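Presented below, as structure tokens, is a lone chain in the form deposited in one PDB entry.
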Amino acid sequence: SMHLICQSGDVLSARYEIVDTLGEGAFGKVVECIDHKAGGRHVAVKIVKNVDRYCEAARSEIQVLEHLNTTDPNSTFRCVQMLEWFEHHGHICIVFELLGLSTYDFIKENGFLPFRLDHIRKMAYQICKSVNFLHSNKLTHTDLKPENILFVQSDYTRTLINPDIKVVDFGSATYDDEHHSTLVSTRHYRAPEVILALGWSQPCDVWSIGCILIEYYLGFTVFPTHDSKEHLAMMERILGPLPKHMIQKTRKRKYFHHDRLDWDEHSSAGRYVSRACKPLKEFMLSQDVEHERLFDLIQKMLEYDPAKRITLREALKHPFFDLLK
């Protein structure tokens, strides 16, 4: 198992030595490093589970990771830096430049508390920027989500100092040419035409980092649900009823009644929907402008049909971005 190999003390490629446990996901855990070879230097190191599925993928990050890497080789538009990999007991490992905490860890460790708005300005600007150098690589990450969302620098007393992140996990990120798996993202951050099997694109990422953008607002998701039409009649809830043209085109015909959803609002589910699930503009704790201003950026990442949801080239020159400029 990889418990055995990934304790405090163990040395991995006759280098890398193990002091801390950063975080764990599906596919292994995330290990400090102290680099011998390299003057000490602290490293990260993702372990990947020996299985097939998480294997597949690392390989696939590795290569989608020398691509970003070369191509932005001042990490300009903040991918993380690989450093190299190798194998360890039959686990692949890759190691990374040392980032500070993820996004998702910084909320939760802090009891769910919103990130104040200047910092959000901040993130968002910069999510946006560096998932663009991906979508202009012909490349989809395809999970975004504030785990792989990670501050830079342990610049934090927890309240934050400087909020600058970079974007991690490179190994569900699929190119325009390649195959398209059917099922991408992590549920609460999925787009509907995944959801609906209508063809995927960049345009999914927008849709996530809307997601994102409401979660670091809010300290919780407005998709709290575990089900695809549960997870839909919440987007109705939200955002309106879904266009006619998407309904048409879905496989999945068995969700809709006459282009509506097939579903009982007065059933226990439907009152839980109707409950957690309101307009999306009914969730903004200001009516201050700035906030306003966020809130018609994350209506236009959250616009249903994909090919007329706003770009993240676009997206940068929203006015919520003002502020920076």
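In this text, rigid core is short for the largest set of C-alphas that superpose within 1.5 Å between two forms. Numbering follows the first chain given and starts at 1. What changes on going to the form deposited in another entry:
Of the residues listed here (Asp296, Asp259, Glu265, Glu290), only one shifts its CA by 2 angstroms or more between these two forms after fitting on the rigid core, and it is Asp259.
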Contents of the next structure:
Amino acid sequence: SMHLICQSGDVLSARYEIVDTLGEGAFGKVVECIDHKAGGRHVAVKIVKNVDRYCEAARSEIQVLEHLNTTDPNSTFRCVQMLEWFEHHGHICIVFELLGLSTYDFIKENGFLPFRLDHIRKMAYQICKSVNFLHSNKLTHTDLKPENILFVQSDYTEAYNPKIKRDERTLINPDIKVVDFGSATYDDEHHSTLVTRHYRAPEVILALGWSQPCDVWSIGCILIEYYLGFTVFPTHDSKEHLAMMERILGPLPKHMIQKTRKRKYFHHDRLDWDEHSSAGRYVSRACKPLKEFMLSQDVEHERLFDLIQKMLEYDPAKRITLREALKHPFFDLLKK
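Now show the form deposited in another entry, given that the preceding structure was the form deposited in one PDB entry.
A single chain, with no partners or molecules, comes next.
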């Protein structure tokens, strides 16, 4: 249905000329276009698949990005700037400013190697300052993942690292922005029950309701994947997910197990997971206590993992906020 209207050379709205593809998905694809009514400025256009789930999501996003671009005309809090929208061959299309590689794609194209700690520090601050901007405006992103954190420009320098014995890319400028607002939800809007699995919060898996706290859990999973270079919860089964958590973070709070509508996962108020099963032995040996993931014992590594630990607090009512986190000493090195 879609592969026929997003080819190199097509011209949309008699304006934008498609160059190449930036990313595919179930919602549709994002393509880099030459704007011919603006001297040749390259842009990005998202072509939403003609599905009611994704057509409505695009409509929910255009609204949010109108509020967030009015309130912040300069992108001080680093949300992506939407420029225009229009129909094309029956498909909704949204025009954004052209950014660089997503933080996920950079790690992938770099052989799944981690970021430097000072780069992690700057990136974590901009993410927090950005998502905390949404939390101040009664909003929740719900879909925070490395594929939605994009580099303003992903240009790097390459060299041979005789420690790891490999070519290693190194970012020149690591400023980021946050994209995809089709799942965002105001505090009063209807909160749907299911909101990606690897970055889903424990209160969501257990179906207890959610708000801004769930976004902080997602940022904790993003930060630990910047530090390690791979997903810490790499699974699709919900019971395996919770099992991995209990090995990395410890047993779930009892008052949360008692309130879940998902009685299937548990038995007698404890996770019905056999340690000595088939998969139970992969979880026991792939996962480990969170503190044991630290690559060094220098104080700056200690401080990051203290931030990540407070971000991965089970109880959302006890979990850190983003206002508190912006003051945490891991960000001391950036201030005067």
